[PDB]
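With the hints as constraints, model all of the structure from the sequences given.
Listed below, chain by chain, are the residues.
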Amino acid sequence: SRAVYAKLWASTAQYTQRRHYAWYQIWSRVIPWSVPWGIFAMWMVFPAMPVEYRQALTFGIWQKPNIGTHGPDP
Amino acid sequence: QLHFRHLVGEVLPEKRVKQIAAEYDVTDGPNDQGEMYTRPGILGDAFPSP
Ligand SMILES: CCCCCCCCCCCCCCCCCC(=O)OC[C@H](COP(=O)([O-])OCC(O)COP(=O)([O-])OC[C@@H](COC(=O)CCCCCCCCCCCCCCCCC)OC(=O)CCCCCCCCCCCCCCCCC)OC(=O)CCCCCCCCCCCCCCCCC
Numbered sequence: 002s003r004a005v006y007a008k009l010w011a012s013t014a015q016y017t018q019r020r021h022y023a024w025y026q027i028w029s030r031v032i033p034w035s036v037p038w039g040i041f042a043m044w045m046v047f048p049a050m051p052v053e054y055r056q057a058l059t060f061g062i063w064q065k066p067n068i069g070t071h072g073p074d075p
Numbered sequence: 200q201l202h203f204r205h206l207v208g209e210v211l212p213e214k215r216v217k218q219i220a221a222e223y224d225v226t227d228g229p230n231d232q233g234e235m236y237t238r239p240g241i242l243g244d245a246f247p248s249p
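Here the protein sequences come in this chain order: j and b.
Going by the deposited numbering, the first residue of the first sequence is number 2, and it counts up by one from there.
Going by the deposited numbering, the first residue of the second sequence is number 200, and it counts up by one from there.
Mixed in with the good hints there might be a few duds.
Partial chain j-side listing against chain b, Cβ under 10 Å, derived [to be verified]:
| id | residue |
| --- | --- |
| 1 | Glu-53 |
| 2 | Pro-66 |
| 3 | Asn-67 |
| 4 | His-71 |
| 5 | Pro-73 |
| 6 | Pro-75 |
Just so you know, the hints here were simulated from the structure itself, not pulled from any lab data.
Backbone N, C-alpha and C fix where the C-beta goes; we use that ideal spot for every residue, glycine too.
Below, the structure is given as structure tokens:
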């Protein structure tokens, strides 16, 4: 019947929308890889920043190294 | 190969190294007239040669 043939033709009318739904599915699996790569980036540029900023991103945990040199002058 | 600045914070403090460097006469130049002159030493100078 022509009615049946019409519904079969229309079954694939929303190709473009289904490709967009594919985009979402794949990008949701891939986007978490930004965290490992992000930690390493900050890890690399941390020593090139000022001392004042290095103590802020760590909540006062980080401090200058104490190796026993360059102490105050009497 | 040694310079006075090498001693600061590793062997002696800064103010003491300045006093040692200033006790020497170091040659510098040329001046505006193209001549040489002498002046006291500074942290950037090398150990004087005899
Ligand atoms: C069962 C088995 C058990 C076995 C036994 C146990 C096993 C374990 C035992 C292990 C013991 C230790 C072993 C030793 C390890 C360490 C030593 C070591 O390795 O040192 C390296 C050693 C020397 O180390 P070093 O450089 O002296 O170390 C200096 C320090 O790094 C000094 O670094 P620094 O001072 O420059 O910077 C430090 C700074 C660095 O700081 C930073 O960079 C960033 C700081 C700011 C971070 C801001 C974060 C903001 C967001 C916070 C979010 C919070 C959420 C809270 C949620 C709460 C929920 C309730 O960090 C801090 O200040 C501290 C951090 C405090 C803040 C707390 C936050 C931390 C970050 C957290 C991130 C998120 C985590 C969770 C993620 C997942 C969930 C989301 O180097 C060598 O030996 C080099 C040898 C030569 C290597 C040659 C390699 C090959 C060369 C050829 C290459 C070409 C060929 C290719 C080859 C490729 C081969 C693969």
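Okay, the hints, checked on the actual structure:
With a cut of 10 Å, the hint placing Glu-53(j) at the interface with chain b is violated, because the nearest CB-to-CB distance is about 21 Å. Annotation: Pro-66(j) was flagged as interfacial toward chain b, and the flag is violated, the nearest CB pair being 14 Å apart, outside 10 Å. About 14 Å separates the beta-carbon of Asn-67(j) from the nearest beta-carbon of chain b, more than 10 Å, and the hint is not met. Checking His-71(j) against chain b by beta carbon gives a least distance of about 4 Å; that is within 10 Å, so the hint holds.
At a threshold of 10 Å, the smallest CB-CB gap from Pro-73(j) to chain b is about 9 Å, leaving the interface hint in force. At its closest, the beta carbon of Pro-75(j) sits 7 Å from a beta carbon of chain b; the interface hint therefore holds under the 10 Å criterion.
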